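Next come the chains, spelled out residue by residue.
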Amino acid sequence: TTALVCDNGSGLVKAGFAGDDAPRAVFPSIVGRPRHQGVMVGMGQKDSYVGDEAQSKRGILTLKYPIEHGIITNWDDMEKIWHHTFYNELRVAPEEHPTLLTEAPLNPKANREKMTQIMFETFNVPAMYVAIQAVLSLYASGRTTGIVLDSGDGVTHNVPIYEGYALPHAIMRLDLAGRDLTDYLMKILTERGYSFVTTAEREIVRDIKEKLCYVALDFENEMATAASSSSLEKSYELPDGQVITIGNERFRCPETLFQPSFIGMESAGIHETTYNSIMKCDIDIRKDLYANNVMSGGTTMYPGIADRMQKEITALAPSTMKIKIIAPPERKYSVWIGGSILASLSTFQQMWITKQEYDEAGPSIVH
Amino acid sequence: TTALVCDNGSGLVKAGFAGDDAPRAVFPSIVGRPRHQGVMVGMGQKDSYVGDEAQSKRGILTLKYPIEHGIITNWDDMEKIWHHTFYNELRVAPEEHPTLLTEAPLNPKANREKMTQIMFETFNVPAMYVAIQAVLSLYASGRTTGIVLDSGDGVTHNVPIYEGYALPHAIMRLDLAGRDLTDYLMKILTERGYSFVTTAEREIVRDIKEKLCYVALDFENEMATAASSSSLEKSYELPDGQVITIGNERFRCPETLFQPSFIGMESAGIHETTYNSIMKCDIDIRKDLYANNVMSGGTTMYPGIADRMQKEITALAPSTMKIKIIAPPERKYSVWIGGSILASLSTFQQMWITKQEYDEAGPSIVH
Amino acid sequence: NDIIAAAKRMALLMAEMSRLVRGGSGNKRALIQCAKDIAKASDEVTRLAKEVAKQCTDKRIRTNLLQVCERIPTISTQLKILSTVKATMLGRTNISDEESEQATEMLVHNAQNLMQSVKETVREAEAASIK
Ligand SMILES: Nc1ncnc2c1ncn2[C@@H]1O[C@H](COP(=O)(O)OP(=O)(O)O)[C@@H](O)[C@H]1O
Ligand SMILES: Nc1ncnc2c1ncn2[C@@H]1O[C@H](COP(=O)(O)OP(=O)(O)O)[C@@H](O)[C@H]1O
Ligand SMILES: [Mg+2]
Ligand SMILES: [Mg+2]
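Line order of the protein sequences matches chains A, B and V.
Each residue of the first sequence is one higher than the last, beginning at 5 in the deposited numbering.
Each residue of the second sequence is one higher than the last, beginning at 5 in the deposited numbering.
Each residue of the third sequence is one higher than the last, beginning at 917 in the deposited numbering.
There may be inaccurate statements among the hints.
Pairwise CB distance ranges (calculated) [claimed, not checked]:
#, chain 1, residue 1, chain 2, residue 2, range
1, V, 925, B, 354, 28 to 34 Å
2, A, 194, V, 925, 51 to 57 Å
3, A, 37, V, 925, 44 to 50 Å
Just so you know, these hints were derived from the structure itself, not from any lab.
A virtual CB, placed ideally from N, CA and C, is assigned to each residue, including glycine.
Take these sequences, add in the hints, and give me the full structure.
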């Protein structure tokens, strides 16, 4: 009957029926085979625990995020994601709902083909459409011009769209944020003597990354005021009771977004990808991308973002130009709220692929 | 035809058919050859008295507990134990009952092989399974997460198991308690001027260890109130009518469990092996070990345990992190009550060894 | 649909058990029986899951269903044994009231875990009927 808007979220897979409220299920996904020997009689235990239970039960498993820098390394686990979700989360048969899948703005061939082909034959969804993720937040943002910044663990992207034609000469995929920010944070968590280094042990870090990191007004003076004794330190309580007091690194980690010099990695800050993308768009259009800059993805929820970003862009940007950054609340469900609108657009159900026509035309139609 | 749950108790060997209450046979193991010349002609008397007659006939024999450091010293006496129990206690054919044998958590190779191999070839047991002692107490404590303390004369052990994957890198065998506590107790029984030197004379000590000893709340302060004249002394009556009045040593002996520097053995108090074993386990799991600490073995019956243990651990333990150590009444049959649960589980009867696979596959891959 | 029925029955037995354990020494025989009645019901859940598993067609779901139902016997066996021990333990005055309370608590924890195992089984059973 009803369509299901299903986002292959980078994190943080999101699922919820077509509108108007929220994803029924959002979860970090994760599959983990159990690292330690079992002495349970039965044994009676899942071959791999998927999320959620593997994020209640960490450690006795080996967590594997299946989508590595946006690339689905084995779809065997992806299919198990789909099946687990559809059956034991959302509780539905894929044959019943025409589905909507999302993908990234730029991904290699045949990532979307192999997905599409397997998903049609395995789950036998009757009809489908596969959207690049940035575009759905455009429909979500309800703006008619502007550059979309889609940032989740572990792949960011920067897409310029004008009314209502895309800007191919300016599409940027940055592989930077966020799992590497997680790894970097872990590297500066060794600096406070806490070595939660194993892959599983990383998840807690991600939670301190959610909750405790902050973004400053400007680096140099926050580095200065860090030299001031005044307590930037915030206390995390750890799942063994331990209390961790972090501060310098607390504003240090996000600064990477402005300056990748911390990782070193040879890509420029959002600052420059903005400028350089704007300066790969036509002059006339440069007027209206300025003040239609749209950030996204759950990671962007750090309060000094965007006005750090604003102030940084204003420094490189030409004088008197109107620069304004559009920031939704709860950007993690931005995408999902995009998707809901799309699949609702009649008559563009008849621009959704249908299994019989797929039977006739195979992967050729996909592109 | 019914299975027999038969425990190689380090005490206090325990045997009883499957369920539902207790072992039908419990005995302190002992075989003893007669130290003195028999003059009443013939004399129709056994080469060695097994228990119970050897605990009537203390002293005219030389008592030998066969499991030495928990290891079967010679199977000549062990097999005679097995036969004595099966025929002359339980009154059952080893050929008839599928049996269940228990073993310890950690022992050298090949004592369980050699045991099994001899037991299959000598008693021609049709089917068998051999369990480590800690695990049976988990089913005997209806738990599936936590650290198990298995303490009998003279080997204690410390096993962490988590829902229900075991932590090998946290399994500790301490040879500390309790038979050395018996030996130390005898040494501080010389302080009240009564000699108990011989092998036999040690049993009476064990009985005063059962009945008379107690555990305090804090050593320095119990030592303080011991200096107070007030009646701490308890009067034992001895088999030649003698009245022994013990008090200081009455709380002193068990306190050794928290302080082995008293014996002098380098090994650390159960307190510290607990903390260090908890702190040899993964962080997240530390949360559910705190309050799933299970002590066991008949020795653990001393009233200052466990809140002594609690109070000591809480001084080293993380702040405001809930812990509870309490374990069942009647811990000596805890294990036995374990065994009953195990062996009833079909189909895991077919995870027992069968004589045909013993014939075909010998004692390979026993471990 | 006896699985939904059994799940509701299990909940009613657990609501009653919670009530019995708030009551006195007069609930001794009832507690032993409560554990017996729970054990009969678990044997029915296990049985139904094995019958449904035979008619099931997707290997993953069948396996996942088999994984969860195989722990139910062991918990039900532990309940019968631990109840027999606790039952025989009542009526003795040498053992401490705190230790006795802890036996009631442990039994409650085990019952809660049994109920959770059934809860997970119900969740998987509900999902399996789609395919
Ligand atoms: N308050 C927060 N602060 C920082 N990071 C956050 C916060 N809340 C969520 N995140 C991050 O958001 C990421 C998910 O982004 P998402 O919106 O799922 O991107 P996408 O849809 O492109 O996959 C997660 O990896 C998570 O760590
Ligand atoms: N009331 C008691 N106080 C202290 N020790 C006791 C008491 N009752 C029995 N014991 C001890 O219990 C020990 C047996 O423990 P057991 O349960 O057989 O351990 P295991 O099964 O690991 O071999 C005996 O060596 C005996 O001295
Ligand atoms: Mg994205
Ligand atoms: Mg033992």
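Check your understanding: Going through the earlier hints one by one, which of them does the structure break, listed in rising order?
Key -> 3
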